[PDB]
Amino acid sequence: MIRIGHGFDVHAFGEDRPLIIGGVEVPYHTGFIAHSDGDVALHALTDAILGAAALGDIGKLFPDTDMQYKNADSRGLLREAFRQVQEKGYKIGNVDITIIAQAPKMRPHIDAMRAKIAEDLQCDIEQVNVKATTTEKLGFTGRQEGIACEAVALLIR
């Protein structure tokens, strides 16, 4: 039995002061803290993996309620989702990732990303590819307003 999975993330370059309306802290969305990192690369790959295993997404495993005081570093979330993944008897068949950013050149930091993702998934550098494209100056990634990332992963077990 094999599992196909897909994840997708977007995050703007700007920072936002937290929303307080009426004296109350109000989150902008469901898995807000889970995504605070802004690591589009590890979140997409996370929901990809989660999605194959058929477990929802970052927002169902890390609601802002449980994520309230727990550590929200994306790498750690990756790992925790891989725990639940393996928990259903699954090894990272293979994983492919596309970062979509116009500018911040990433070629330099790419093999280092694979390295880490490999460990977090307990597979090896070879079943983990990571690339980067630009939307050729178009769209919001192109106008340099944010950065995106798509991810696919195949699961074996």
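Only residues modelled in both forms are compared. Numbering follows the first chain given and starts at 1. Between two forms, the rigid core is defined as the largest C-alpha subset superposing within 1.5 Å. What changes on going to the form deposited in another entry:
Comparing the forms between the two forms, the C-alpha position of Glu25 differs by 2 angstroms or more, with the core used for superposition.
In a rigid-core overlay of the protein, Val95 has its C-alpha displaced by under 2 Å between the two forms. Fitting the two forms on the rigid core leaves the C-alpha of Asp16 displaced by at least 2 angstroms between the two forms. Legend: core-fitted overlay between the two forms; highlighted in sequence order are 15-35, 60-63, 70-72, the runs of at least 3 consecutive residues with CA shifts of 2 angstroms or more.
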The other form holds:
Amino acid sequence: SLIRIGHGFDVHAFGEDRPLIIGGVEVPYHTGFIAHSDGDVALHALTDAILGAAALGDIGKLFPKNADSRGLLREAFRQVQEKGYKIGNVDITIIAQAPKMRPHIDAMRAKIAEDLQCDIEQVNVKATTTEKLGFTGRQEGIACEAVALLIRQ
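Right, the form deposited in one PDB entry is done; let's see the coordinates for the form deposited in another entry.
Partners and other molecules have been left off, which leaves just the chain.
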């Protein structure tokens, strides 16, 4: 096509890591959901949005490591380009029961702009809350939604 739209959604449940001594041996004990990523909800959702607009499925097909989400994002963009697309613009909506992120937003945009090889003017990020409601409101984790518009370069 000449223009494609994609959508992404992701959640990160909060988990904790604590050291324990079992059988005289120091071992790591993980509490909460077992993550297989850095939990970067904004990049995971954004990554699913771009792959989806190009009909490439989802983040779960980028490498048949995963600890780094910018690596996954680049790999997705690499593949999107292979199909002839470049970024039109993307918009990300972080859903968290948190306040101060604006100082960090622009930094996020730049990083995303860098990995998608586009201007920062094509990347928007925002954060909003659920006003103490739901799992994000009770602070059990965070979520993120993202939309992307692809164009033929």
